[PDB]
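Given as structure tokens, the chain that follows is alone and in the form deposited with the named molecule bound.
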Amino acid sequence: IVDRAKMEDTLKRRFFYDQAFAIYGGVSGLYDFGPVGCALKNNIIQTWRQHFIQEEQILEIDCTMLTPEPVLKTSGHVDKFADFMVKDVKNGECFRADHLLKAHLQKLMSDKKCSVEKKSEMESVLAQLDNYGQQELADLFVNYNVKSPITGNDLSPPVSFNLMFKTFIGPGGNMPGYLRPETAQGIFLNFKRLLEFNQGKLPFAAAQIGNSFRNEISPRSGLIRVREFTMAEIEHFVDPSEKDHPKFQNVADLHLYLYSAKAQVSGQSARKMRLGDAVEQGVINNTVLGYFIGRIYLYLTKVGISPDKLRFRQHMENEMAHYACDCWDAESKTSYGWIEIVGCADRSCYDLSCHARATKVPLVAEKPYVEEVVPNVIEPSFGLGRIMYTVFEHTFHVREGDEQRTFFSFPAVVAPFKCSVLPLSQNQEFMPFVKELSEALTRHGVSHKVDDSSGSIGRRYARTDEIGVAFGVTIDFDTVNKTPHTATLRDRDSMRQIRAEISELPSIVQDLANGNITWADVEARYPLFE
């Protein structure tokens, strides 16, 4: 439960992000990231690089965004990559039928005049929205007589709208192209050279961290629905008969909420199972999928996503992506409800075969005399933007004070900068201490910034808390004149303080940020300071 309004005001005021081309009216689905937004975004990307690429020794490549039409036609995007769209016969307003129908039912379930039986009927309908096809969705639009949310007009029947941006490569219109809606294709077209890196053996994973474009019909979810974003995609090529991951046992003991396809059709809630158990019973197909689901859980959690607002939902029969057979999405509970922030599909051998057949170029591998096989690929897809937004709503808090101050309980690994060093005076009296502390923090690899802003220490930290700085060190006169020279350490979340010699604080902060020590531990060793 978060006050989106108040938050968007803080994120825009401190400039995490904001409307792109604001002075022109702004384009929906487009936003720019300010200084703190980039710092946070970079921390999230770097953390991701460590968690996956570095942890699994994934091969990295950087493919182009521009894509010639033939490529996307083969992958099947030109035909299936789209959302159903509607528009009132009056003017040309377009809406994503998928979501309009959802906002309409929620409207009816909110009206007190709604009976219990109908409320239930509608709930069952929403829990199957991603299944309904061209026709099924057309009927519901009639049964509920759905009409334009603005000055209720009559909506035309739901039709498919390809989400890919169109363009022309080079002069003339002989080579029409698109902006890649995902990165996966780039890795597939370079399968041979990539497979070659691993001696030609399976399994192995390739990844990409770049921009993708989706000409979203009607973006109205802030950063949740942009037409341009950064995504990290991992393509894990494995033997279709060796779909077993050697490291699964590393996450087999995690307890996370799973919402299987069955539980969705049988109308029951999601369960909090143990990964290992989930695979045993058959809920989660194999262990390769199970490993990544665990690593994903760990990543999102480490970055700041709340376990109580995180779950993995499996796709339904006809919800499947045109390229997948099985899939699980990491959805986060937000002010916009449950939304996927990480897609993890098991798109068998769809891709490699399509390109192989179309280009007349074989894309396979061998196994022991020797047999050739088309690697099944599990694709963990990360929408960094959505992941960051979720972090905002899950760590945004209002201080218990009339002044209505706000702060983000950002984990030390993602916060703009771990420590904030703020002295009272700037005279050559404090510099000797500020300089030393700063450099000391630098030797400990602790990002920091010397606060100069005007106002009382309390007001100084107020700004620090707004952008989620994890810790702060106050350097007052008792630090310069008294001896031993001690400074004040402040915990962002609790606002509680500590007093210790300014030469020891560096290592203390380091351990606090690296999770080697608890704020509790700190209060146990050093004297409290109010």
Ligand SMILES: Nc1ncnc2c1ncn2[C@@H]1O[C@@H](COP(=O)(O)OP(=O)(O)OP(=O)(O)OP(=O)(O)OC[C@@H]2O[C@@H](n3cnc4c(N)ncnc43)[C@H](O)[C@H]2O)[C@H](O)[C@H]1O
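Between two forms, the rigid core is the largest collection of C-alphas that superpose within 1.5 Å. Residue numbers count along the first chain shown, from 1. What changes on going to the form deposited without the named molecule:
- Among the candidates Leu108, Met164, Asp62, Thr47, the residue located at the hinge where one rigid part turns against the other between these two forms is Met164.
- 15 degrees is the angle through which the smaller rigid part turns against the larger between these two forms, based on C-alpha superpositions.
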Given for the second form:
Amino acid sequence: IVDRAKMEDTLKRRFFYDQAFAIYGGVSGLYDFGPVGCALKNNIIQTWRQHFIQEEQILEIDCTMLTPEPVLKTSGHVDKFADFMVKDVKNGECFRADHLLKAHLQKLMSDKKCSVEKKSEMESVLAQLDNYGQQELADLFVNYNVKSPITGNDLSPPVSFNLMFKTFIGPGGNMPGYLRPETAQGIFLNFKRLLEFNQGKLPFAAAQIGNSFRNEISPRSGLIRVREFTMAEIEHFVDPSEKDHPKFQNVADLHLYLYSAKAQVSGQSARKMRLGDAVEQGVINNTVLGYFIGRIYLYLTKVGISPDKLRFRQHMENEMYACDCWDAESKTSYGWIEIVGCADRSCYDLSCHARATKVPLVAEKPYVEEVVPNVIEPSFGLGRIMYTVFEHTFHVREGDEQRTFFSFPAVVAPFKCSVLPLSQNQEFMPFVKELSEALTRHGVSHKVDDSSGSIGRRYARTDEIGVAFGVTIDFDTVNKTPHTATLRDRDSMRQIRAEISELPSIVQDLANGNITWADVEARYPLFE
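Moving on from the form deposited with the named molecule bound, kindly provide the form deposited without the named molecule as a structure.
If you are looking for partners or other molecules, they are not here, because only the chain is given.
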């Protein structure tokens, strides 16, 4: 039930992120990230790197965004990566068909003057809304006499509109291409090089962190629906016969909300289960998919998402070569939204490219068994993760002045700690320098505060952008011996007093989760 306006205000005011090309009028679905936002984004990515690449020793590659047409023809995208779009005949404006239609069948759905059996009829229409083909959808438009929501004019018949941005590579019009809609295809195109790099053996996993593009018809859902965005995508190639993950028991004990395709057809609600139990009972298929679902859950928790607003939903038969497919979804002000994809495929694009180019993309096994690997496809939409974190960590303090703060875990906070020196009086400098150097020597990110206003108001700002900790340096620090300073916990706003030499060590342990605030108060004298 978060106050999205209040948050969005804070987010824009402090320049986490904002409308790209604002002064030229802005462009919808495009955002610039300000220094604070970049800090956070960079943390989220580093956290991801240690959590996945480093931990599973993944093979990282970095392919181009520019993509010639034939490759994306082969992947189907040229043909099938599109949305149905009607447009206003008298005006000219464009609308996304399915949710414009859905809008109409919620006015009619919600009307006392409408019959019960008719609600039932439209309820079922929405039920299989994503199924209807071109023609069926065009009939649905006539049958419910759909009009433009802005003007109310007659609506053209729904055409398909491909979502890839089109250019030409080179001069003339010889080589047309697109901006990649996903990084998965780059990994596929390098399957051979990667497989070889892995000494020919299997399993192995490749990764990419980069931008893909998606020419959305009319984005108006803030940062959730954007035209350009950064992904972190993993492609874990496994032998179908050796499909048990050795590290699974590391995450087998995790309890988490799962929402099966069978639970959805029944009209049952989601279930919190122990990962092990789920895979043992057949809900989750195998422990490779299982392993990654657990890791994804662990990662998202780490980065600030609330476990009680996090679930894994399985694709149903209709929504698809099909696949066992789970999505991490977070409960938000925009509803439950998908923020990490996780597919399990037998037949997929690797096979297509192979016979397309006449270059074999397979693995040998000593007989010489040609193996077409399965893939698990963890797909991270960094933007949406980041937003989910904003909504989940945003809080308003009880202070009548309506102060806000983000409860960011230290591992993602724009920086872990703020040094507040009461004065710039050059007799403060040695203490600040040393503290800063110490914090650096301990790998604890920090920024020395040079803002005007009271000690209290200065922290307010710190808190507004979610800095985990603070260390005030006052005259007693500089003058009394031993030299001690105040450590302030963001969340509680509580404080402690310890020797300034000791603090770097203390803060490190707090941010690294070796020690609780509770622990600290137990060990060090309380300060107000």
